[PDB]
Amino acid sequence: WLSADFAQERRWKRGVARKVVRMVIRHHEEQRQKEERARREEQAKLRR
Amino acid sequence: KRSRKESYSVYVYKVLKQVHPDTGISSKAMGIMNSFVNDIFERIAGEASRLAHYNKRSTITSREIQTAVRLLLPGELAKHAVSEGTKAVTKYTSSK
Amino acid sequence: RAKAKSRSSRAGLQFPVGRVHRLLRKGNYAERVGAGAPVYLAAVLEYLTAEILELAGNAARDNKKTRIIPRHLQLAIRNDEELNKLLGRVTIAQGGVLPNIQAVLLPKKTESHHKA
Amino acid sequence: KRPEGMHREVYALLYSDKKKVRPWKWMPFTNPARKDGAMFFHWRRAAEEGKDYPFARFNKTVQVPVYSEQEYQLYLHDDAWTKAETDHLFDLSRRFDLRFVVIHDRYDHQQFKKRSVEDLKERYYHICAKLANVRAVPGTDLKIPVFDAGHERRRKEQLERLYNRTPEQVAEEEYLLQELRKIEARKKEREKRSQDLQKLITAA
Amino acid sequence: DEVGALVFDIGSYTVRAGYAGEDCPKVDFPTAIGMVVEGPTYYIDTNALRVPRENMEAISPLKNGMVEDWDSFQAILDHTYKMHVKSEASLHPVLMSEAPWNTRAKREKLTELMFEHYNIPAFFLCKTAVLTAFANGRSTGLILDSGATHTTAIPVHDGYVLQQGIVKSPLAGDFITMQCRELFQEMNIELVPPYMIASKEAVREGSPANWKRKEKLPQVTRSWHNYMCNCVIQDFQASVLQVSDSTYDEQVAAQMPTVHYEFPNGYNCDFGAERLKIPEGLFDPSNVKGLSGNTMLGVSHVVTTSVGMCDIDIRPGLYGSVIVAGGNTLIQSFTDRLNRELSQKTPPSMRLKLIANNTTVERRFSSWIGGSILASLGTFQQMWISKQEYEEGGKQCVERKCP
Amino acid sequence: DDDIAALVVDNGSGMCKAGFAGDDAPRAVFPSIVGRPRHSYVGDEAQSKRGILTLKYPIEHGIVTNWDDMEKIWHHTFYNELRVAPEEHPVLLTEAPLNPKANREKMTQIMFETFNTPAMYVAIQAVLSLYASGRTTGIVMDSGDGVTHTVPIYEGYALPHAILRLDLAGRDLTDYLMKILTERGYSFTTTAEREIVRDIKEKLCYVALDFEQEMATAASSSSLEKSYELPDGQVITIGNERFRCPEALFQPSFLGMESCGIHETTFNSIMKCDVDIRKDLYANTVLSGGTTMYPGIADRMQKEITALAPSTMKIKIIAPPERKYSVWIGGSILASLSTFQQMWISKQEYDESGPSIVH
Ligand SMILES: Nc1ncnc2c1ncn2[C@@H]1O[C@H](COP(=O)(O)OP(=O)(O)OP(=O)(O)O)[C@@H](O)[C@H]1O
Ligand SMILES: Nc1ncnc2c1ncn2[C@@H]1O[C@H](COP(=O)(O)OP(=O)(O)OP(=O)(O)O)[C@@H](O)[C@H]1O
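Going down the list, the protein sequences come from chains I, B, A, V, T and U. Yeah, the first sequence ends on 193 if you go by the authors' numbering, and it's all consecutive. Yeah, the second sequence ends on 122 if you go by the authors' numbering, and it's all consecutive. Yeah, the third sequence ends on 126 if you go by the authors' numbering, and it's all consecutive. Positions 48 to 65, 90 to 275 (the authors' numbering) are the ones given, in order, by the fourth sequence. Positions 9 to 46, 65 to 429 (the authors' numbering) are the ones given, in order, by the fifth sequence. Positions 2 to 40, 52 to 371 (the authors' numbering) are the ones given, in order, by the sixth sequence.
Please note that a few of the clues may not be correct.
Short derived list, chain T residues pointing at chain U, Cβ under 7 Å [what the hints assert, rightly or not]:
1) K34
2) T386
3) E388
Straight-line distance between alpha carbons at most 30 Å, and here's what the computed DSBU-like set of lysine-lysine pairs gives [as the list claims (entries may be wrong)]:
4) U:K284 with U:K359
5) V:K184 with T:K427
6) A:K13 with U:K336
7) B:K43 with A:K125
8) V:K48 with B:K117
9) T:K379 with V:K154
10) U:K284 with V:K122
Which chain T residues stay away from chain U? Per the calculated CB distances, all over 12 Å, these [unchecked claim]:
11) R24
12) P33
13) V35
14) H118
15) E134
16) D184
17) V193
18) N252
19) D271
20) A280
21) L356
22) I381
23) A382
24) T385
25) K427
In short, the hints are calculated from the structure, not lab data. Built from N, CA and C at the ideal position, the CB exists for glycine as well.
With the rest of the complex left out, here is chain I:
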């Protein structure tokens, strides 16, 4: 019971670490994409 739990927990912990790392990478990439989208928002405000 406890060994299956520990193995699943190790796998889930590594998965969550991958999740958080990919999430911070997404945060940075989305910050830059948000700068680009602020330029596009200037364009869209001209359009409006």
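Using the hints provided, position chains B, A, V, T and U with the ligands relative to the given structure of chain I.
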């Protein structure tokens, strides 16, 4: 080099065990149940497709499937399916 | 990424909403299937399967059996008023029609004492 | 006007077809499964500070019998076994949950002569059966199914012979395997068919 | 069930100490700690040992997986307790691993040493094979641990080790280090450890290294110099060596892609068939120079011998649970070669099965993870050696509570 | 939404980087000290009364105790964070390099109990520091005040088997400086003035680049006497300390407490890692901590790791230009994150499991 064929035996045995814990089902009975599942699937899908096409619609939506269930299932059998589907959709969009 | 959750679990269905939507999107039934169509279809399929399985198990317990067989499915489908209406055109392999009772033979005629 | 106000899909489907105060604390606890009273610690809730340790129920020890010196000297006397040679067996049984595959290894071969697994198990079961036969009221399973150590010995020997088969008893053994069917078919289909055909020729 | 404890996995190469219930040990440092007789000073930190100073003759507090210097053992325990653990031993039970071939005299002396010096609340001394089986999800099975000093196949049946089935072979990390030494000496490669290098310049492949020697050198011993050289050799092993898929064939060995590696001094060269001829000695010690002798049992031979000395009734289970662990097991293609040899040797009836744990953490720290999950069980609470048990029954209590 | 409410803390023994999260800088900080009568104050008041109070550091090279000292640290942090809990408070606290169980369990339990927070979390400073940039692996030096972490955080997981540390980050460096002074010019001789002493390094922190130049920095005899000024105005022309104790960090033997230099310390730290992973360990070396500003540390680390590392691997430095609070920046990037809401600990899972949660 395997030629795997799919089936609903996995969701039907589960349903059977959740509704009848002590009663099993034979392989041929499982095949008959799968055939019924596929037949009802085809019927509902075709009815929803035709209903959407009548209204000049290119998308089958939950409303089309709901009206198709109203049409196909007879008497006091449609209502239950419609209620189950609505309660599943409401519980699905609620992010549970 | 976040722990992936299936669509059958979200709605609360046993039958596969994923495989349903799969068969639908590449089944040519439409051009762009809606997100809710497969959920509703799987829910109705699950309800009908649960009902027929309940009836088949009841028939099996009445017949004193544990494994459901085409006999039980046929009996359940032809006994229910609405399932028979839904499956009137359907025929089942190794099935049978509803039988008649032979007790009527006894109080009309049986073998006599002649050379018994 | 349309009431709506809810989710698009659910809305269409429905209408279109009309303070905590429980502190965790580091608590000491005594395990009833122990006789030394060792005090351990556990992360428990505040609502159960003092409750018995639940895992103590998982302490069902094996039922190894205990007997007195007089009982031994009277009934369990054996020419090939002495008290120093017998008590150790039951000690190991009590210590390792009465499994003889581990007890054999634990046998002290320095002070004691070498013993196999089967003879150790036989001695143990014989001691148990004697203790039962010399007991009437406690109902110690008087009719114990003591295994036959000789049958067990020959089984251990024949399967060990079947174990080492590398050169030809595992690869060329396919020949004897095919022969298992050939002799069960060819012998019959030859001799019994000869009898049948002789009877036919007699009738013919 | 889970109580604040400290699981100690004192291996011959590295010692792993951490809290029970964790997925990895809290600290992992080399066991060959440097020593200076000043009492004697010991350094139990990688940053405090591999340093260009402080002669630090390597005492290796343990050898052959058993304690050999109780003073150095006390020193390393103290350092592990107040360097990374940083907690009073009297507040945490201790579950420590032991070699299966550990004598009772040691066991008892170690037990008493942790009650009259550290005054720990509870103690337990479990065998490494039992812990390995415990971690990999098997109560019965064969534990193949190819450590630094020896490669051993330890058959575990129902959580207990079968001593009669223990088979050991000296073909271990030490043998690989010796073979790498011989290879370097044959190829005219000067093994220069890092502490002797002041600076280096990039040179072409195969050309002499262009490095400058530090003027203010440390006062190192032959032991510490050999220790640094062995660390470099182990890095080379982890970087280059690869086990041959099948029996070593010189013709096939010359058709494999080479592996590039640069020594600390800058010398770099590609290795062809020499990197696949060294790991062959582990499985086939016949084709080994200087090892003239056939008594040495290879990995597969060790496994087959360990399984053969056990009762046939459990040999099927042993073959069905053959757990592979140890640092040497991390060499590339080692697992494949082992599985192939065992399938060729294992009889057909015996279903051979190799547990699929091959990660560095899963392999090198298997023994520690075993005790980590063993001390986190509520059932294990009734097996502890309590201070009262030791005070009453004495040092010999280790033989009854944890045989 | 814990994102818009996020709170972060990094106490250590150098400076308490705490306050409301959401911005790219600490809302407010205090030197993380507590004081009591000799025969209670915290934060700036304790720093002001250091000459008359019995100051103690609730953080001791990583070890922390929260019944009065760290509890008062948190009570002062309450001034930096938002006011009474129900307003805004997802709380992540300051974990040490490696003291997972003892620190995490007790800290979480006692903080939940005291502040009653419906939300909280815990994590090591290493991952939250690496999140400042975002990449596969980091060997962050994290030389703060009481610890010099060698954390090889591969894929955001602090590998403990390869984790090492050094002790010359904060008070050791400042003490070595204070004792090198008064051997060369003015100085002080008490902890009451160690702050004005470290105020010499907070402005002049050029490194010597020893072992490659090793004499020319001082032999130039020009453009090195920046003459740091004391409150009185003394112009003693700060000398070899311009080159002494930037290297004591990289050469502990220079101080007297001996250990692997920071460069070789991190080198060994990555050497203990896997052989297939150590590739991106060289090319993703990050530097964190207040003691890492030291503009010359970048080139020194490059040179030393190149000397030790193989030629095939290049030493790519990505040390943020504002690495002063790299820990806080990445910690807020992690906490202030909408999709991170599902990983916080609340009353429900607390009551079901308790502080004995995975940690
Ligand atoms: N990455 C690697 N690749 C290949 N071999 C390695 C690697 N790391 C270590 N080794 C080898 O493994 C050996 C270390 O073995 P290990 O420390 O796993 O044994 P151990 O667990 O200490 O054994 P025991 O518990 O009996 O002391 C070293 O001698 C080294 O040669
Ligand atoms: N402006 C500055 N310029 C240069 N160095 C500075 C400056 N401000 C602070 N420092 C140095 O940074 C150190 C502060 O350490 P810091 O607060 O980063 O420790 P910490 O990492 O929070 O604690 P721990 O090491 O326990 O994690 C001080 O010792 C000081 O010498």
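Output the indices of the hints that this structure fails to meet, ascending.
3, 4, 6, 7, 9, 10, 11, 12, 13, 14, 21 and 24
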